[PDB]
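As structure tokens, one chain now follows by itself in the form deposited in one PDB entry.
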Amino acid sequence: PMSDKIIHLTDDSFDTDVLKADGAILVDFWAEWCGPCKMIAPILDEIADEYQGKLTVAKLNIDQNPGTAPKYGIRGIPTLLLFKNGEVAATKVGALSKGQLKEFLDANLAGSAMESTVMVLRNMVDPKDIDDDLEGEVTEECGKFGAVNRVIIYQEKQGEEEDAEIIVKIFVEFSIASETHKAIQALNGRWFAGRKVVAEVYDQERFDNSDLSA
């Protein structure tokens, strides 16, 4: 109003400010002697104002805070790391125009936001517990929230190591998003049974395209 919308990071503040942050955070690794860093400095201010609500811009001075950068393989400066939910989602190395940054941001932030017909049930069933009856039982029980299109029992290996844990994600696609919303609200945090189940929206475009990895 109109003050500074940039989060000014330290090594000590980085975890809370970036990794445990709400929404997408664009981290700028910089230094005062860095010419191209000052290039993008005013661009970052505009982006910070114009992406209010969908992006927070943060800066870490690598001279004053030398601990963080080497952990993320920062080489040249400036480097932009885009974080989403504690995850590095994208990177951009070096200076770039306002248009090039927007193009990079537009391509790496969620587009066509939408309430999904797809629910994902997590931490509900161990892979060994799966049998021929499970899909049918899920569709039957979720049918009290609305019309169930398809139920997918998905097993996911949580690593590349030979005996990495396999977990189960249960996907329930409803006919319309209103039904999915009721189901999620009713089921999330509830015990079925012995296990506390996470009920959650799952990206509809991903699901429609046979990507069950998220």
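Residue numbers count along the first chain shown, from 1. What changes on going to the form deposited in another entry:
Comparing the chain between the two forms, the hinge between the two rigid parts falls at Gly111, out of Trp33, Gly111, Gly53, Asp132. Superimposing on the larger rigid part's C-alpha atoms between the two forms leaves the smaller part rotated by 8 degrees.
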Second form
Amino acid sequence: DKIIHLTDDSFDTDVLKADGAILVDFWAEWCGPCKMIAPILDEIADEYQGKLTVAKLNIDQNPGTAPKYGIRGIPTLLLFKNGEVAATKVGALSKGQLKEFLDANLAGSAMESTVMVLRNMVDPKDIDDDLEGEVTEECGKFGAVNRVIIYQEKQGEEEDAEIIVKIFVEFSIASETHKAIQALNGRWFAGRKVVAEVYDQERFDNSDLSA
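For comparison with the form deposited in one PDB entry, would you give the structure of this protein in the form deposited in another entry?
FYI, this one's just the chain on its own, none of its partners or other molecules.
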């Protein structure tokens, strides 16, 4: 069949190291709602072949794994992608509900942001009057730049807590933001490895730079 039958021993390889999304069902033979969703999972596995693999771990025969994920009730579904927990769903649900859960979470977000945030690129010490224009000019290589914010943020309530800089770069359209992230993410500049990634456009539009 299309379903992967997991054990405690095979979990890391079948799930954590898999290519592609894996939907993990934590189940037991005596569990009413587990038996209810079992036919649905078989239908999911067929329909989403090529995009998702459905796997099941029986928690009676394999008691090692679920506690590591804080599983309480069953069934519980976990969607993994490339080793990350993308989403969790506790209890039974309809095939329609499951599909929307999957569709949404396989997409990863509801919208590609025009806003890029650069992390680990400068220290507060490095902020001068030129930096905004430099960022604008460098990022102008990828598309039209709407606005740049050099934002300083204190990481915790303590007096001695660390101050870091986040550099927001809002492009005119999300294709530009995408090119810039692709060119910049994981690049080394003067001794530091930059994280470039999307920043929630709704937060930014609402002056929330905290994320």
